[PDB]
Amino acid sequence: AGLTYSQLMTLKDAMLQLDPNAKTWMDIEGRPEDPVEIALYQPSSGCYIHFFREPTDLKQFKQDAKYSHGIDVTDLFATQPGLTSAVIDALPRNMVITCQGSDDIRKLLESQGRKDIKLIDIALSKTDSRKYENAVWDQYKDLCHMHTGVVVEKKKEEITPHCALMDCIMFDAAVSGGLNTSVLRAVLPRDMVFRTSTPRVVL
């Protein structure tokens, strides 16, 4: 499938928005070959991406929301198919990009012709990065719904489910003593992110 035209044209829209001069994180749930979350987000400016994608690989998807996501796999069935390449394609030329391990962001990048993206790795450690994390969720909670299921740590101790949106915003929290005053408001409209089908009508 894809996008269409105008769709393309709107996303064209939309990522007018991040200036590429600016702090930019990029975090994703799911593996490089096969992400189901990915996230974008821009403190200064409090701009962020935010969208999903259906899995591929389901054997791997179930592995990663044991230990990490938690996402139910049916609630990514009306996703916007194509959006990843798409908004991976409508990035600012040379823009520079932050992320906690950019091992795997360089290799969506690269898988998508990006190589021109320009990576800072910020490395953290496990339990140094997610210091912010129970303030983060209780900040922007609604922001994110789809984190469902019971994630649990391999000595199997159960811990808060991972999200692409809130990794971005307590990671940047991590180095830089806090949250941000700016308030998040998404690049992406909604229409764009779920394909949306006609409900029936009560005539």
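Think of the rigid core as the biggest set of C-alphas that the two forms share within 1.5 Å after superposition. Residue numbers count along the first chain shown, from 1. Compared with the form deposited in another entry:
- Once the cores line up, the CA of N180 ends up 2 angstroms or more apart between the two forms.
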The other form holds:
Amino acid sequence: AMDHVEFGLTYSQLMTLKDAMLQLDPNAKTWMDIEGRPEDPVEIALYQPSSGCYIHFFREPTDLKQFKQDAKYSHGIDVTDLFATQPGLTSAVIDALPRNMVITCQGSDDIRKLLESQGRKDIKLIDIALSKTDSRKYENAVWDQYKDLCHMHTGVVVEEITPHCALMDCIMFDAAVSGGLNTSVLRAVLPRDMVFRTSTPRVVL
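Alternate state requested, the form deposited in another entry (shown: the form deposited in one PDB entry):
Since only the chain itself is given, any partners or molecules it might have are not part of what comes next.
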């Protein structure tokens, strides 16, 4: 190619991001989960139960055909709802993760591919490797409490089942390991205007 662009984000936004990420404790238990393929992710979440802090954002898919298919069987995201997303956020957030961080997931193959494709092979991964029943014991309880935190899974998902959300997954997997869900308010690490296009034009031109 003749295209040579290092970042998707401006330096200003990269600096805001770096500051925001200081809310992450480099040594606290940290869950990570994605929806979409590791080579073409559409939803990313990281969650630290110790503080209630979470990182949550979206990305428009490159493979629209595979996406519409994945939506039917897993995430139920409509692609039009992913238009206002910030390009480059996935790379920027992953680049900003502390060196040699320990990340917990269920399971690890997709997480590993994504992080390694970003040159983070320094990140250590713990796979909880739970069954399909044990990992989703608190599925209803989590959605009951935290549904307002993600409005993106509007499509009917079949195998009809509850849609898979990267954020709800992190919270419910933690609940499974902790043997309970304790009721508490969570805190978004990223500013809203970093995650979505937020401008409202006065007039169309």
